[PDB]
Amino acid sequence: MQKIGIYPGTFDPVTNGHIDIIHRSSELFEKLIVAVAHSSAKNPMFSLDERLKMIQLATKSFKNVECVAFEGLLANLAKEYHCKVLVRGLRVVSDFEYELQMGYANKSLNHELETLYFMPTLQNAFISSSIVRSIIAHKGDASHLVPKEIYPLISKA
């Protein structure tokens, strides 16, 4: 169970909230895979290449964290890594019942596959990607909400 975890996400963009979750989850698992979704259904603000580079840059200081691009079925991705744990983040604005529904769907597709929920720190408890995209989209200062080493990337495009 504790050998490997997968943290799936659009990471559009990576926020301080996401970094808290990568931090706490990487401490518990011998290896954390951060799986960067295509999300085409959602038309993301940042391209996969941008979103992979932001999260790879934001996570250089974690040695057991690997970033992969992924466009498939999470249940299948976990099986190919022999992964028994999906990492998810919970925040004030979470659709909690939707999160539970997703945990039971993923476990129906892969009977080994459990879901574990982490919280960001209190200062980040009201951060959501959607806020950050709104503040970016409206040419506001998002620099307090995202790791400083990726702000140069987001602020542009």
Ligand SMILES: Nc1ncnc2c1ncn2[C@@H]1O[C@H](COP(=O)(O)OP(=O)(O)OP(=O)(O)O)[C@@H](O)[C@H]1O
Given for the second form:
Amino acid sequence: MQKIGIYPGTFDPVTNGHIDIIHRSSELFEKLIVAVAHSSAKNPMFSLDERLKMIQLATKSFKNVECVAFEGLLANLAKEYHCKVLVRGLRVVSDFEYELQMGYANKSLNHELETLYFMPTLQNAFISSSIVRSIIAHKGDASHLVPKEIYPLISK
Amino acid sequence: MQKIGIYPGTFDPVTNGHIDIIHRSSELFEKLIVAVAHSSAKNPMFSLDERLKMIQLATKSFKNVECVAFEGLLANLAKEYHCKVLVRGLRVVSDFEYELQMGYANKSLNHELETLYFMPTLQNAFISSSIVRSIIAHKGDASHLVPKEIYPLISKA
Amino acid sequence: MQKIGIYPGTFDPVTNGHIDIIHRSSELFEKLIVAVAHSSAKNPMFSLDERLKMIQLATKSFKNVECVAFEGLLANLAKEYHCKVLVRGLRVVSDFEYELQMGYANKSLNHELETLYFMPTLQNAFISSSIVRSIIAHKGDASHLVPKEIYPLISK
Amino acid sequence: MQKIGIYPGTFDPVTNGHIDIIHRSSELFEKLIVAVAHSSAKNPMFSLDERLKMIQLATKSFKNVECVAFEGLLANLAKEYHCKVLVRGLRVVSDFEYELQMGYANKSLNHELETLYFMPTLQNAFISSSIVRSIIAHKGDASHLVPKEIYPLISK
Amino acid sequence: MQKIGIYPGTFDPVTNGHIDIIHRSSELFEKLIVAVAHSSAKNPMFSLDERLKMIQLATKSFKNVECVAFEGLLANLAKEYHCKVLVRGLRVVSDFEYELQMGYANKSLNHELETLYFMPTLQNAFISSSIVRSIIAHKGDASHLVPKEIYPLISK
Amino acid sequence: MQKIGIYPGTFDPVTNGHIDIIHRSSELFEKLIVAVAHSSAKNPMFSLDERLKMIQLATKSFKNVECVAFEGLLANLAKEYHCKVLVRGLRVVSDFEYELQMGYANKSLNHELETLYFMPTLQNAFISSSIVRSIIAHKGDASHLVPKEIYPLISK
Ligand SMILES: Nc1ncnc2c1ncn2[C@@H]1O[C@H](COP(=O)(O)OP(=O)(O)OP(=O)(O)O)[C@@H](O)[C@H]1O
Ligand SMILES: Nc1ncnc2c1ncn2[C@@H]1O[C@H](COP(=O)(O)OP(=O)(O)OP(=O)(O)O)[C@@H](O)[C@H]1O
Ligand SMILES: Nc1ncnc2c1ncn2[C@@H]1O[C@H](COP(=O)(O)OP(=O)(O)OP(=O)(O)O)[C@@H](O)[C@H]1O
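Could the form solved in complex with adenosine-5'-triphosphate (ATP) be given as well, to go with the form solved without adenosine-5'-triphosphate (ATP)?
Below is the entire complex, every chain and molecule, led by the chain shown above.
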């Protein structure tokens, strides 16, 4: 519990919300793994490596963090990791019941694996990766919405 | 505020619920711009151009309504028209928090951009575009759910 | 409909979120009636007299805003002023389906009467009267949550 | 009314949640029709004919249950079977107002057709087809999530 | 499961909802028991005996419906009636997760007792007893919201 | 940080869910303070003296858990214990947005104070103190929903 947390997502792209979660979650663990899924199902906008490199670039000055990709069931990724704690974010627009369902379905697959929920700062309470995508797609100013370390590649 | 409101949505297709919001909200501004967003992210059942035609036909009777299509960001649209107030509809099946969220995003992209929410008549309170789509795709009769002026166009696949 | 809108409430007490709704709504109507409800069943923390004085102090700066104490059904208040628009606040914690219900209930009693919903600003999105009352009850600092003019009165 | 109910679904695949609704609903009507929709717009993991086969196998022990495969409008299907009751399952992640919406719509398309809601057992309240699908696609144990009768045809 | 259903509630007062539901559910069981709970702890506006009288007057035309007033545990009342089905209405403002919670609580107190959910007609989907009470408290007109055979008893 | 977490509430009464959260949360902090709040304006079924005793009895086995009665601002308690983490539980029946609003309100009164959320086990996912109170008040058996150490006191 008090050792190795995993924070999974698509990180498409990473936002200031994701970064608050990584921050707070960071304080609480020894190693924290940022687990960038592939999420072929959800239509990805940025390539897994673009995404993984963006997080990598945003997560660098967090001395506890490591970022990585993966494909299969999150529950097993945690097994491989001798990880009993999933970190998830909660926000105004979260589908709360779906989150709870995922936490139990993860528990059901790996009887050792708990989920823990953190919230972003009030300023980031309404940021979703989805609105950020549209802002980027229609060419808006997303600069107060994502970490500056990624301005370069969001523009390419 | 009195001068210009914009009512933006996907309108896929426009529904009697939408028309209630347009009716009521038009009364409140000198001009109402109804703005049909391309919305590529969802895979709209109807084309951008079909949706614009549909809503033009449906809104002809409202003297101070103008329908455009935009593939811009809504903030630029607003700027273009010196518009400070967006209009949005609320219905029983709305995703209320997602609508609040859009409302704050729209403000922060355009600092004088506020959103105002209307509700349709009770008869149309359970109508969404999404349930009209399903009825239509399954060859059901949706003519009670949509203005009669678009019924020719919905009839084509 | 442009002539006159009514924003009813308990205003127990008036908060910065309520002031945002007054400000924006007063910009859209020739007059804005702020109607202060008895709210008997609620057993408010502050008396009617206190609540009405706080509304008047907070709203001095808005030249076209008037205050009135009232009792009971929104629909009849609205016919008394020949008003077709009720203004309502929407927030993260709003019970939205109940808002919709009230709006229909009110149009039933009075067929001309529409309900129109404003939001507060982001920094007030999480502010409720109720939370404000805990802070004052527990003798915390509520000064960043309520208008400055009210502040002397709100302190017991 | 009691002479006949229909329980429509994609059943992709049938899960222990579905079997609870079928069991309980079959207890209330003389006949229950379990109606497996092609649901071509979805992109079902299993073909219509496998889904149909699997739910037939899973329901043979319920003597008053009959399965059929259909394509188009359910409200019309129901008229063909002289059905006045559509059976729906509620579970923890249901979109509740959407369920009500669907009920009212189906009633506007067929004025005899009411919707009635059952719930699964507590154990199955958190079970979604979607989740069973992911697990199945990977190397996951779904044997506790779907009826034994079908767990063979799953990896076929 | 066919012979007898119970439809519990406070019925304070009975609305054109308690009634669409009585109508619909009474078509499914040989006998429908309408159980008026004393509900002491909600301080109902109308007394138990008044609510009972209202609901009897309003359900006289339904030949297989019987009304009873009670106050213990509803699960134990169900047992006394050899009842395996609790009937509940869902409406736009229902707290859905609370209804599911209740259905599971009762199931755990009486292992034969399931909960089944109906909806009222669309026109009544917004009707709430509390909205009827508030209209009444404030001398409004509630006559289009409650069945006509109770209108004498409520104007009083 | 990790040194100290606080789990506040009414605990009216402590339930199996609360206990699941204490279990899990106590494994992330050296010390966990269960902070018993005074239920102001909340219809408290059990006395403060009862609630504190039930939770001490029930948490005797967890060695790093201390239980205290607090009659002040929560954010302030946290300051007094030099605590930057509030532990909270998430359930199926939670008011999700209200919980978030509370997280944010506490941050604004104490800028160091973060909120972390746990789920209980699946079996307890639908349990709340509210449904336990109602079952106890109606004289039903709540022995499966509350820890065995507090049964004596409940019947007080
Ligand atoms: N603004 C935010 N603040 C805090 N947490 C967030 C925020 N947005 C998302 N999260 C959470 O962080 C985790 C990872 O989410 P992910 O990277 O998949 O993006 P997303 O925001 O869910 O969007 P999408 O699924 O559309 O890509 C989830 O637990 C999610 O709820
Ligand atoms: N675990 C469950 N328990 C009870 N009812 C369920 C469960 N899962 C689905 N249902 C309900 O049973 C019926 C059939 O649903 P359907 O077959 O369309 O699958 P689904 O679970 O909605 O998944 P998908 O759309 O991913 O294929 C619907 O009434 C549905 O809501
Ligand atoms: N508008 C409605 N339409 C259909 N069913 C309803 C409606 N309101 C309540 N019900 C159902 O009727 C039953 C009786 O509910 P009850 O008499 O407790 O009234 P209520 O509407 O919950 O009001 P209150 O709890 O404020 O007294 C409940 O089991 C509920 O499932």
